[PDB]
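One chain comes next, on its own, written out as structure tokens in the form deposited in one PDB entry.
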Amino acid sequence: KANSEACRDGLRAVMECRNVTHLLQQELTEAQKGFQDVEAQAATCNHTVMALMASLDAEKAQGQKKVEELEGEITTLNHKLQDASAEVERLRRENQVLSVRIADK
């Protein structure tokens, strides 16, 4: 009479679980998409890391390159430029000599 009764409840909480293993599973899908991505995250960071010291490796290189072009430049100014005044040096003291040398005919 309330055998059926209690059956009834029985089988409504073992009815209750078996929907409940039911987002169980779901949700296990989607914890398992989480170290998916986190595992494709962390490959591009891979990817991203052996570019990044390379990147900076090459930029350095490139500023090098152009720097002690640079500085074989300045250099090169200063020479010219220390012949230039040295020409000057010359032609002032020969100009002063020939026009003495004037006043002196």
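Take the two forms, find the largest set of C-alpha atoms that superpose within 1.5 Å, and that set is the rigid core. Positions refer to the first chain, counted from 1. What changes on going to the form deposited in another entry:
- Put the two forms on the same core and the Cα of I74 is off by less than 2 Å between the two forms.
- The two forms, fitted on the rigid core, differ between the two forms by 2 Å or more at the CA of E59.
- In the core-superposed comparison between the two forms, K33 has its Cα shifted by less than 2 Å.
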The other form holds:
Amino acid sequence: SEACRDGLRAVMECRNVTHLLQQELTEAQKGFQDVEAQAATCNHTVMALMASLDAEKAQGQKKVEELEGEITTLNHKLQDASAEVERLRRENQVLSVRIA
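Form deposited in one PDB entry done; form deposited in another entry now:
Below: the lone chain, stripped of partners and molecules.
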């Protein structure tokens, strides 16, 4: 009767509606996937940063070591120079007296 058309359309509509539910589910699926993509990038960026850090510290440490080597080399050469001056000053004193 007239009831049947109504029942029918109701069904038609549940039918139309679930199509929408399916489109939307597909969007939700994309969401999870893009989320996974972004996770992976960030995740890997973190690892890249930790790596630069460890590198930077290794370089820092090494350069400081390198410069510290030079410093003690120079300190040592300074002390030798400074000794030679002390020696010469004395000798020099002695000689000037010897003249007087």
